[PDB]
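Okay, here we've got a single chain as structure tokens, the form deposited without the ligand, with questions on binding and movement later.
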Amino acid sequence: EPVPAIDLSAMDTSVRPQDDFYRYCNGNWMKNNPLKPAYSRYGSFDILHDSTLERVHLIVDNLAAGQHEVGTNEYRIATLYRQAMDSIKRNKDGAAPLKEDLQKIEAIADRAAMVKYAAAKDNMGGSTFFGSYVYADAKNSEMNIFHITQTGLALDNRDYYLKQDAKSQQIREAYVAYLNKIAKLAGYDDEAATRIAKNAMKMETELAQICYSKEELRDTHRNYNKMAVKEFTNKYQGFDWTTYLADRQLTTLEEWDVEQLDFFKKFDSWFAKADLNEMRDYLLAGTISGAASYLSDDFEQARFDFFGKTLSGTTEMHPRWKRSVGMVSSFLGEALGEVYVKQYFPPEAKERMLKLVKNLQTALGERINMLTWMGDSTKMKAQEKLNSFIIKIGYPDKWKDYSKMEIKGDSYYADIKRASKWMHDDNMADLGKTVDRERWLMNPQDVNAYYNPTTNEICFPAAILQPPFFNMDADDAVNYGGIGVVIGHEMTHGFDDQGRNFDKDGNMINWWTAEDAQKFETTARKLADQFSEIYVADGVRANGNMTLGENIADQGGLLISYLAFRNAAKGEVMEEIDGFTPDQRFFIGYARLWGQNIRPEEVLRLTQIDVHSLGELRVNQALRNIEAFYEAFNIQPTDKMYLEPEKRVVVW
């Protein structure tokens, strides 16, 4: 049964599109769908996220319906799911599955044993004091190398630990109370629970101080520092890297990528000088917190009170199956994804999507060649890169081998650690081997898409090829406004403030003249400042620097897909549908992707942690730089969407 191209009932026609295009296209849906207790936000995207997750739920119920042999993927999935859903067993076990892990931390006797403990835990997939992983060399994209990265913080953005205003201090104290509660639930007395929470926050705050900001983490060249391992470790011996690497079985490692180099220089003296008891309590708190979703309901409720009620504003938890399905999809996603495509993905969608992608690619080449600010040399290298895109649609051509993953069924938490151990070992085995450029970094059932610089690939999972993005019964204008913009957005990531640094082979090599690079940086700075002047809440501005790459990609996707849409329309009589011109339907279909309600807590949280602008701004601000949108709705200077021409910023 065909799905309507545009859900007209979501539109609020009492709002002029020239004044508030977001609420013209979405306002009635927003009025009629106040957020339910368990949702921090909801709207077009989350509707498709939810409907796809329910498909995966049915797939899990199908695989869990039989009894299978150990060592089959069906057994792995069913056994993780069954244990996650067994509330009675999880509640009877309580904190007992955690006890040996805590005793091992309590037994750490000196700083030397602290180093060996970090290696032992990182060998299981942990990130005890810092991150590490194996992935392509940014300067040799055919080779896998070892990378080390700054501490991962529980609140994500380091600013949570530092910012000096009332709301920030309140959040910090609520986090400490969460640590106190789970320490009590793990069996510590009142005095120890207070001590652990206080010391853990102290230690994590000191690490946050020496971390890079979210903005600085996006700087491509700043966060690549390849060197001989021993050149660094001969000099910085406050943390005993030689013992750590030996216990990681990495003493054969000649070179590595020290991504946040100034973090590790400061970590050298922090680790040498930190109080041993305080470091121990930091480890206890991280271990309890990392287990809080895998034990009894008390632990999940304590975690919900902070990460849900406090940080996101929700008042109830989602049904148990949603978290359980999400968990199996994160560990065995390609096993689920193979079933998903066989059951739900029609072959005609892949063929039509490939035609659309090739149309967008042609339009991007046309757009670049028509630029008047870019010289001929840089244009030619830009054409070489866009002609070299790797295009991945629907699903991979080979499926991941999960045969080494040991799932035993003794306890939920125990099997989570085994699945995590498998993922870690699988990553480590890539070291020193040729990079697999065909691998997917998302699953077919993920409602998302991505660009990868080190492969120059664009990837569109089966799950995003659904309405309102891709609708095989819709008119072309609406599909270009939806999935067409998504395609152009991923393509523009190859040319944003990060992607432009990588060439057609995925190598971090400069292909820009100095003049053209300076013009790009000047214009990108203006787009950052433009968004940074918009308020998202009372006294809270958008972060135009953190969202710069995504706002460039949105703008490029709008410009490229519109050109592709006009190219496809050449030589056709324009026909109005629902009284809208095709040009207008392009923009309405784009804006319908973003309609949502969102709690004020969640507005603040996403501003701190999300590189994507809020849906409202991806419509009402992004379109203010699009000449075609002014033309489609004849926007005039007294209209609220209008931005003075000298203040518009067009990067591509």
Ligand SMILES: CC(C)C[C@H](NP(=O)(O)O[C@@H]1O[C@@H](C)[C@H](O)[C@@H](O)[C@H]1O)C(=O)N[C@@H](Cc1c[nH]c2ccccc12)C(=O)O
The other form holds:
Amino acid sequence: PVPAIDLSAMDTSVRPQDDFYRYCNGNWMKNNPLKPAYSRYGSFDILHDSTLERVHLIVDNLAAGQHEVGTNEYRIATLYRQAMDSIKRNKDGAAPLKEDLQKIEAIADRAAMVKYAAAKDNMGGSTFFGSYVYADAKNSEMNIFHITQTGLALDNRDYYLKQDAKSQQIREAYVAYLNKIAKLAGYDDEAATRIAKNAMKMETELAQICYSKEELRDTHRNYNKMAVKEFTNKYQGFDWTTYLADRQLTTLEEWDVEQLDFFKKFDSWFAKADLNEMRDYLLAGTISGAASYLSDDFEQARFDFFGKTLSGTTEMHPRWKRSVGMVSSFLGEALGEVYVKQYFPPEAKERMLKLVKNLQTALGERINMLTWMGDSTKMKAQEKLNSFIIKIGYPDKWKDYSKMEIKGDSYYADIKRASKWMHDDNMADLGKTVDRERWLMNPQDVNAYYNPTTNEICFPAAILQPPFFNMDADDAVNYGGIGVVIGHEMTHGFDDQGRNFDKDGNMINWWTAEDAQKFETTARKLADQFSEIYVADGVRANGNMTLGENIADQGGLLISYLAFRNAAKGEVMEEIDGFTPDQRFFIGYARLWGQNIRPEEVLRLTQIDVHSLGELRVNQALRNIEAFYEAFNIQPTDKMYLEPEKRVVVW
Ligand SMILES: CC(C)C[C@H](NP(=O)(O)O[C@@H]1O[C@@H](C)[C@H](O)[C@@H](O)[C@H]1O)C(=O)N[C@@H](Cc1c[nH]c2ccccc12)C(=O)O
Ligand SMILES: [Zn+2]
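Structure of the form solved in complex with the ligand, given the form deposited without the ligand:
Following is the full complex, with the preceding chain placed first.
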């Protein structure tokens, strides 16, 4: 019988009323200092790592055997062995990159830049901006074409623009990274520094006209469907008509310009930008995008910046972990099929479905018991909740990889073939009915998700294991673990983004203005509540960026606690390990989040992660949960206590 709670993780010298996070995790945290390759390590990573070890065996077994060309076993074995083949990768050096760089150097003028972007984007690139095919937000049954602002290497545009000393140091390390890899690619000292500085200048200019991370979360702002000619007739600084023609999209009548104001400013930036500076931007981007796929010196330069500088790590993960991760990103469902055959019991799928339906019923009750919302919006909320698509364990049909060509000539060349396959597979959806059954994660992912355009909640097999889902545990702990996860994904249907989408996945208003304003006032109170909290000295939590996840955590806690009480109706509350079932619910929840984390990684996740830090998902989120105050008799002098007027309950 797998224990329901690791009691040894707990630090019972801490009062649960003062620091519940360390009460439930503080001895695990003392006994598990971070290893050099980890920027953060906690319960999710434990389960991730043990799942990865299972996948490691699957992949190593395939790599040891013989397979026919054109099977998935051949594709997996060949990608993985090439990634693992440090002798060949180090022998080849930068040679696999040579022709790609020559193609960029040959771009003769601005017109040729446009055609180059179309050619690389036809391979899956994002030369100056992103583009993708997926459901129309306002017609979720039809696939349309979307364009999005420049993907930035540092992710948050603020890294490029903030004027303080620590931000300048990060920028200088990024430029040193580009200089290092340009030298490794064969440029002399002068050209490598020129390329690094020009690339950073171009990327900083693009970051300036990008939307902020918080602004990218605004649903209505980032949808702008229109006739193509309406935009391309007016904004001709970038020759969209030639670009679209070379992407074979001349007959495309409409598109979704997601960051419309970025593309209006991009019109002038592209028309006026120095050609040599743009070429250097393209060179640095191509080298950086190849740096995980060549010789050790490239991969270590990349680690020096993205690992050591940005995250505080001092070692790379072992090569097999990077290699399994790469294979899983291109052939993940082929691996997922083997994984579930070997490790996923059917009893888990059926027990999980009963659990999800119990949570759905509890959420129906929470919505019925709201009093801040009028009856008419409440009825639309129930309609949405009753139409969740539930996906558990694995997809009912597996992805067909048969057109993916893997040759084994070089790691980088096959990476490009795998990416081309994924790109062609995406473009093939254009103008076709949306496949609503598709999984956006693999069975072996230790995670779960909500998707607004299908109104689906999805629970991969790998997350249905202890400490989330433990078929031997008492109910209280399973509700505190996977039950809160389920309710968290459900609440995403009703957070500041998902509330905009209806039961069919369409971005259609189902709110009265008055109820929406009330939601927005209450949500802003939860945002400001978290932004009062310090994640490090002088650094506030970003309550705005994490607002959707904090709403979902709170919803998961309230829904799952209600479902747990429902399930306990007609039973007497037996203590276990000296804890009431109510206390075991909260301890089981807090045990999901115990982690150690490097100071650098605290700063990085505050800039890029919409999820709060694990410590705040326990110590801050629970301060709004009245049932938690009761379970541990929290008084006004306890450090966990929040004054009632400052508490906020959204749903
Ligand atoms: C309630 C929770 C158990 C499930 C929940 N999944 P959820 O956010 O809905 O699913 C997806 O997660 C990421 C892939 C995306 O960035 C999100 O926008 C969302 O779509 C979550 O917190 N996922 C975390 C889990 C996680 C990943 N790495 C971790 C390291 C430590 C602790 C937790 C984690 C995450 O994706 O961040
Ligand atoms: Zn979430």
